[PDB]
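*Asks:* What follows is each chain in one-letter form.
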Amino acid sequence: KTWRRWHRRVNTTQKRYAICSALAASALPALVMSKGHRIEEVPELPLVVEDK
Amino acid sequence: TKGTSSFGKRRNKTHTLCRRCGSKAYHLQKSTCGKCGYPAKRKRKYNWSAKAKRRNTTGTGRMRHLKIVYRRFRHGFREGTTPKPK
Amino acid sequence: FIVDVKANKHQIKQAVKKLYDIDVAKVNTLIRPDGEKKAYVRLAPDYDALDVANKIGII
Amino acid sequence: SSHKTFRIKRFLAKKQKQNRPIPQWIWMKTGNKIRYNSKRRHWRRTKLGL
Amino acid sequence: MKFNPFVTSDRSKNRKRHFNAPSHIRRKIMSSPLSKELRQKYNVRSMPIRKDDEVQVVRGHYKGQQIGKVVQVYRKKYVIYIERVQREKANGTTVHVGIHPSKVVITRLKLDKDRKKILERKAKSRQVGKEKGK
Amino acid sequence: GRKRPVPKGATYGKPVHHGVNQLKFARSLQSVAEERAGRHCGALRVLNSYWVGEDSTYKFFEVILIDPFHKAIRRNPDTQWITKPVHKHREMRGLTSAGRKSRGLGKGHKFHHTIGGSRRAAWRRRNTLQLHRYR
Amino acid sequence: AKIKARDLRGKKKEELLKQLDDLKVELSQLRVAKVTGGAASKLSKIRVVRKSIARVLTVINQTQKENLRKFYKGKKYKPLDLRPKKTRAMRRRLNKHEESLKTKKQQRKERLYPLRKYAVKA
Amino acid sequence: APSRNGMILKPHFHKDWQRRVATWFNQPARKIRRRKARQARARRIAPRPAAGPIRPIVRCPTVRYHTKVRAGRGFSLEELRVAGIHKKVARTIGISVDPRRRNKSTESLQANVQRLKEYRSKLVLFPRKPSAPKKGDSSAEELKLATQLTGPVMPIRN
RNA sequence: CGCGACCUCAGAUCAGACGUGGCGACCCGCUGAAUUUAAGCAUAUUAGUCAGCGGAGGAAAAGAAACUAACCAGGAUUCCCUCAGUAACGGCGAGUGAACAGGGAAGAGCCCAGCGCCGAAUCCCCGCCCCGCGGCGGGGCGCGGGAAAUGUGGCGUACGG
RNA sequence: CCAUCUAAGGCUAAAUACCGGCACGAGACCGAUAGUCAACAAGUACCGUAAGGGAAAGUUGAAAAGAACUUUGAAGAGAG
RNA sequence: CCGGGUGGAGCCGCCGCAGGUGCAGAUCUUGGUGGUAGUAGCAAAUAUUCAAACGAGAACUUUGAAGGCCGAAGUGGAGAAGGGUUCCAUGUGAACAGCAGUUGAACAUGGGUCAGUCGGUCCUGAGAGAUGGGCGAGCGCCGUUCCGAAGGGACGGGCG
RNA sequence: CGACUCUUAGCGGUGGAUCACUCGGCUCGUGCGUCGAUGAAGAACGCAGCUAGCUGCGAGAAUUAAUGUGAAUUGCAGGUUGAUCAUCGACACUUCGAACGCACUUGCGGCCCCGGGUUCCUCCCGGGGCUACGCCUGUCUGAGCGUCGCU
Ligand SMILES: [Mg+2]
Ligand SMILES: [Mg+2]
Ligand SMILES: [Mg+2]
Ligand SMILES: [Mg+2]
Ligand SMILES: [Mg+2]
Ligand SMILES: [Mg+2]
Ligand SMILES: [Mg+2]
Ligand SMILES: [Mg+2]
Ligand SMILES: [Mg+2]
Ligand SMILES: [Mg+2]
Ligand SMILES: [Mg+2]
Ligand SMILES: [Mg+2]
Ligand SMILES: [Mg+2]
Ligand SMILES: [Mg+2]
Ligand SMILES: [Mg+2]
Ligand SMILES: [Mg+2]
Ligand SMILES: [Mg+2]
Ligand SMILES: [Mg+2]
Ligand SMILES: [Mg+2]
Ligand SMILES: [Mg+2]
Ligand SMILES: [Mg+2]
Ligand SMILES: [Mg+2]
Ligand SMILES: [Mg+2]
Ligand SMILES: [Mg+2]
Ligand SMILES: [Mg+2]
Ligand SMILES: [Mg+2]
Ligand SMILES: [Mg+2]
Ligand SMILES: [Mg+2]
Ligand SMILES: [Mg+2]
Ligand SMILES: [Mg+2]
Ligand SMILES: [Mg+2]
Ligand SMILES: [Mg+2]
Ligand SMILES: [Mg+2]
Ligand SMILES: [Mg+2]
Ligand SMILES: [Mg+2]
Ligand SMILES: [Mg+2]
Ligand SMILES: [Mg+2]
Ligand SMILES: [Mg+2]
Ligand SMILES: [Mg+2]
Ligand SMILES: [Mg+2]
Ligand SMILES: [Mg+2]
Ligand SMILES: [Mg+2]
Ligand SMILES: [Zn+2]
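Chains as they are written, first to last, in PDB author numbering: chain l3, 106 to 157; chain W1, 2 to 87; chain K1, 98 to 156; chain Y1, 2 to 51; chain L1, 1 to 134; chain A1, 70 to 204; chain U1, 2 to 123; chain t3, 2 to 159.
Mixed in with the good hints there might be a few duds.
Away from chain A1, derived, C-beta distances all over 10 Å, residues of chain t3 [as the list claims (entries may be wrong)]:
{"no.": "1", "residue": "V22"}
{"no.": "2", "residue": "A23"}
{"no.": "3", "residue": "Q40"}
{"no.": "4", "residue": "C61"}
{"no.": "5", "residue": "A84"}
{"no.": "6", "residue": "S106"}
{"no.": "7", "residue": "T107"}
{"no.": "8", "residue": "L144"}
{"no.": "9", "residue": "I157"}
Distance windows between CB atoms, simulated [to be verified]:
{"no.": "10", "chain 1": "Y1", "residue 1": "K40", "chain 2": "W1", "residue 2": "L29", "range": "28 to 38 Å"}
{"no.": "11", "chain 1": "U1", "residue 1": "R93", "chain 2": "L1", "residue 2": "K2", "range": "42 to 52 Å"}
{"no.": "12", "chain 1": "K1", "residue 1": "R129", "chain 2": "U1", "residue 2": "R93", "range": "27 to 37 Å"}
{"no.": "13", "chain 1": "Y1", "residue 1": "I9", "chain 2": "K1", "residue 2": "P142", "range": "33 to 43 Å"}
{"no.": "14", "chain 1": "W1", "residue 1": "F78", "chain 2": "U1", "residue 2": "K19", "range": "49 to 59 Å"}
{"no.": "15", "chain 1": "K1", "residue 1": "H107", "chain 2": "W1", "residue 2": "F78", "range": "37 to 47 Å"}
{"no.": "16", "chain 1": "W1", "residue 1": "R75", "chain 2": "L1", "residue 2": "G98", "range": "35 to 45 Å"}
{"no.": "17", "chain 1": "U1", "residue 1": "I4", "chain 2": "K1", "residue 2": "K114", "range": "26 to 36 Å"}
{"no.": "18", "chain 1": "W1", "residue 1": "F78", "chain 2": "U1", "residue 2": "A2", "range": "36 to 46 Å"}
Calculated from the structure, these hints are not laboratory results. Positions of the beta carbon are idealized from the N, C-alpha and C atoms, including for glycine.
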């Protein structure tokens, strides 16, 4: 049927929690290399380029 | 006697081709079509047979006026004008 | 001739008289089992139907 | 029968003309998948309704 | 990436639209690139092909530097026939083999007045783009 | 009333539906008069109707019909709601006065069963299941 | 020579019929050739003469109906084939004067109280 | 059959509910269409505020809510009469009018009267003929500093 | 007797228009079951559902209170969330089952009859001229014809006039 | 006592609905015994007096280049 | 999992997610194939034989001869209904005609049905069925002279 | 040994599974929201050089005109001042069907006009325009021991 529950609501505190945890993990070099991004020559992992 | 021998007497005809729907369902003694109900002004249709409804409906035939209606609608039934000549 | 199905014997007579410049004696019509109507047009005795058919193009 | 309605005769005329085989030049068309006429009616086998 | 919500990217829709295209859309699909010299002459990269363009086959078995005129633009099987691009049957009669115009380089056009009008229109729109970019 | 037109008074079911004789029609005889007048003069729109007399066997109603293609009605700005195609056969949809009195329409606590536009609309809106995306 | 519609419009009625029945008699001769086993050069011309007949008859009917509706342009009652063929519902609709017709009371109301243009400072 | 300790349930699924099931897969489509209709309305009434006319302060009835005030349907005719506004020009300069509403107390009457006099103080009225200003119309400085207001016009607070 | 009004009722291939029939997903008006559940079954339930009939539109219906309320009161209709599986109905069994208040989406109101006053001030149609003429409309002239005083139009409608 | 409306006449957009139609777009769907009955000359062939019932059936190859010529046989069918 | 072969264009490992997720059965559904089995059978209505022809080929086609049967309530000559080109001529022998076939009602090419007097057409029969009227929520139904202003016709006279 | 039978492998048949493809569905969503007495929906019969079906079309019949386009169509023939395609606003649109002169047989009419015929005087034949029900406004002819008035 079409009226299978396709959609799942997540609590807002948990959605912000997961954004916080994923951001926090995107600053540790082991976890992003274990994700497989080739970063073995980037000069700093929270890689902030200036606003130009 | 009620089977093979009694099938031999089948030489009359209950129905004929209808002048409205074209099917061989025009009952001759009743003078009425058993598919479209010809002497009645309204077409015989029933909601208990949707397959029979979709066998002869507006999609099924030639649409020789309505496919032109559907085309003239897209320019809003513009009439009395031509394209600009050479 | 093969004629139109709606055409009468009178119409077949006047059509042949106008088209091929002749005068006919009688017209027989039948409708062939393919649906086309066929007309046997008998010409008047002063005309020669072989010469008329040669002028039409059939021989 | 030999006694016939004009409408019955014209119906028989159409169903006579539809009972011929396919011409062979159809067979060499580009997007052809048509090989023989599957709408052939034999008078002894199938009986036209009517 | 396509952003237009009226242009479909559906594979079966694109294939149906390609294989059931009418002949004046087929003419645009049956388009061949011009040569390098014809590109620098007319500022036109691609052109629909006609019954008299002198072309080169560059992909296939009949590729090479030989030049032949198109003799027939067979739009229904999406192919063209070129002069010496042929093969022999069993009985010794030569037949023309179909070549897609995307594998075809035009070295000499049939320049009609319609063709010159199309060439000027394509060159002008290309230059409008080039002078819009700066 | 409306005698139930079953052959020989036999309604083949449970005894709650065995009623034949003392049943009543949901619309009034005045609205029956309007629909007979409209279905005869289908080229005219039923406006209203009223009672003019009765005896034991008949009721008599005068129905006001209107011709929407006459130029007086077609060119009076105060009367041209009936010229519009939505007012075809008002008497058959119950949009006249004696037609709307039978539908249970009205305002307030006596007419909670026609919230929406009808018994149809109320029953549809209440006997539905709103299955949301996120529940 | 080919028969085009462009060179047919400048002609008159009797010469259009003279072209037409010439096409009809050569079509009849082409059908005679068709049943007498004639050549493909003549069996190809059956379509050519048929569409030429179609062209001449189309020119005749187009010119004739243009002349009739030039005659009927200023009349209160024109024939039903000359009336505009919209849908039946749009022919049943009100006309533009009648949809622009307003009650004198309501006209007094929009003259007295027009919808003003305003803005609200926050 | 029931098992051990549990609730007695009455699910209302004894009808043919599956014909009349209303899924909400067109919910973001309805939201996106309602949004575009809202911006089309706001673009059409270009200096007039987007939410609509000004609505009065009403006390909710029926003791659960009678401490809370909210926006009513329209200013009542005696509120417009005390504010000195004609009941037909009110809807033309953007005031909601409720003929049906009575007053029973002085203070809600006076609060909505002061709301009307606070709204006419903020009302920047464009002249009816654009190249000719008239007697009560706003001046060309507030015409050039007119903006379209968002949200309810002077929103109601507790 | 005869002529003429009026009323009522005919006839016409009289002049001009309009309806029929189709589609029918959604909508309106009627009509309307039984399978089923109650571990049987008859009220109930299924269900104002299917089938049947009529009528539409691009939406329909509804709609500006003979309303809700009992409050410090709200304010057309429609729709969503909640009210609420609640008040209530029910072999008070099986089961059925709203409404108001509240938050929103939207948001818009108005018109007659009647009562009154204005020399019927009102409407329709044919003739001529000019314009516009493919939504048959505008201006003027007709000692042109009807309708209408058994009441048309202008003002005016409960918020009062 | 009080409160609230003013029935038995009429019109009215928007929010609302939309498994028919016209034109689209999409998919954690199905992949020819699946997905619509119907990927194909499908509401077709065929059946029933009738109301009605109702299929099977995609794929050479890149390109027909679809096997000229020789030979056996009446040929189908072979061998080259 | 790898090796070999065939095939000719896509596929899989790991972390999670989702399910129309695993077959021996349901007298399961659809399709295909066995044993039975070269078996049962090609036995109702007396009957075929000789020579020749054509043909690659003859128990069966054709011709001749012979012997027979139907025996005028026919195994004859013709129509109704029904069938619809089966009728006719030529060609073919792939498929069908339960052996064969050089033959056919098969297949493919072309042909063929001519009316004032023969029938329909016209009449009314048993009946069917509108309008009027009545009934009916309604599509409509009853009704057929019945709660009808049901005649549009004609000769003569006058007038243009 | 052999024949027959059984098992396994190789090769070959029978059969069409599997896999890989996919101009098709299914579901969801957006915009528009339009049939008909000016004859719809539907049906019948015809129309191509070779054409049965499908499709397109209507005696102008696999299409006419106009516009856009700009050299094909193609299975085989044949024959740029615009081939073919698309658009489609011009024109046309057989018979039936609400179906409409009466009937449903392709039967029978009636009125008006035109052409042959005639020598309009009828006939006869051909062609064109009308002839259905209900209903609205208006017109004319009328009906009534309906109500009056006048003489
Ligand atoms: Mg009988
Ligand atoms: Mg119906
Ligand atoms: Mg038989
Ligand atoms: Mg009821
Ligand atoms: Mg409405
Ligand atoms: Mg009441
Ligand atoms: Mg247990
Ligand atoms: Mg808003
Ligand atoms: Mg008339
Ligand atoms: Mg039980
Ligand atoms: Mg039980
Ligand atoms: Mg029981
Ligand atoms: Mg119930
Ligand atoms: Mg129903
Ligand atoms: Mg209708
Ligand atoms: Mg509509
Ligand atoms: Mg309403
Ligand atoms: Mg409310
Ligand atoms: Mg709760
Ligand atoms: Mg209930
Ligand atoms: Mg509420
Ligand atoms: Mg008055
Ligand atoms: Mg007034
Ligand atoms: Mg009021
Ligand atoms: Mg009132
Ligand atoms: Mg009211
Ligand atoms: Mg398959
Ligand atoms: Mg497969
Ligand atoms: Mg399938
Ligand atoms: Mg295969
Ligand atoms: Mg491949
Ligand atoms: Mg799955
Ligand atoms: Mg198995
Ligand atoms: Mg044996
Ligand atoms: Mg055999
Ligand atoms: Mg024979
Ligand atoms: Mg004789
Ligand atoms: Mg009857
Ligand atoms: Mg396979
Ligand atoms: Mg053209
Ligand atoms: Mg062109
Ligand atoms: Mg008869
Ligand atoms: Zn029928």
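*Asks:* Does the no-contact call for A84 (chain t3) survive, Cβ to all of chain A1 over 10 Å?
*Replies:* The claim holds: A84 (chain t3) sits with its nearest Cβ about 30 Å from chain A1, beyond 10 Å.
*Asks:* Examine each Cβ of chain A1, and state whether all of them lie more than 10 Å from the Cβ of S106 (chain t3).
*Replies:* Nearest chain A1 Cβ is 26 Å from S106 (chain t3), so the label holds.
*Asks:* Over 10 Å to the closest beta carbon of chain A1 is the bar; see if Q40 (chain t3) clears it.
*Replies:* Nearest chain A1 Cβ is 24 Å from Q40 (chain t3), so the label holds.
*Asks:* Quick one: work out the minimum CB distance from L144 (chain t3) to chain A1 and report holds if it exceeds 10 Å, violated otherwise.
*Replies:* 36 Å, holds
*Asks:* Just tell me: holds or violated, for the beta carbon distance of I9 (chain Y1) and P142 (chain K1) against 33 to 43 Å?
*Replies:* 39 Å, holds
*Asks:* According to the definition I'm using, a residue is off the interface if its beta carbon is farther than 10 Å from all beta carbons of the partner; does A23 (chain t3) meet that for chain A1?
*Replies:* Label violated. Min Cβ-Cβ 5 Å, cutoff 10 Å.
*Asks:* Just to be sure I understand the hint, the distance between the Cβ atoms of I4 (chain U1) and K114 (chain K1) should be within 26 to 36 Å; is that true here?
*Replies:* 29 Å, holds
*Asks:* Look at the Cβ atoms of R93 (chain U1) and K2 (chain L1) and judge whether their distance stays inside 42 to 52 Å.
*Replies:* 45 Å, holds
*Asks:* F78 (chain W1) and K19 (chain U1), beta-carbon distance inside 49 to 59 Å?
*Replies:* 39 Å, violated
*Asks:* Using the beta carbons of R75 (chain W1) and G98 (chain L1), state whether their distance is inside 35 to 45 Å or not.
*Replies:* Hint holds: Cβ distance 38 Å, inside 35 to 45 Å.
*Asks:* Is 36 to 46 Å respected by the C-beta to C-beta distance linking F78 (chain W1) and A2 (chain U1)?
*Replies:* 39 Å, holds
*Asks:* Lying within 27 to 37 Å: is that true of the beta-carbon distance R129 (chain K1) to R93 (chain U1)?
*Replies:* Taking Cβ atoms as reference, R129 (chain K1) and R93 (chain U1) lie about 49 Å apart, which means the hint is violated.
Checked against the numbered hints above, the structure breaks hints 1, 2, 12 and 14 and satisfies the rest.
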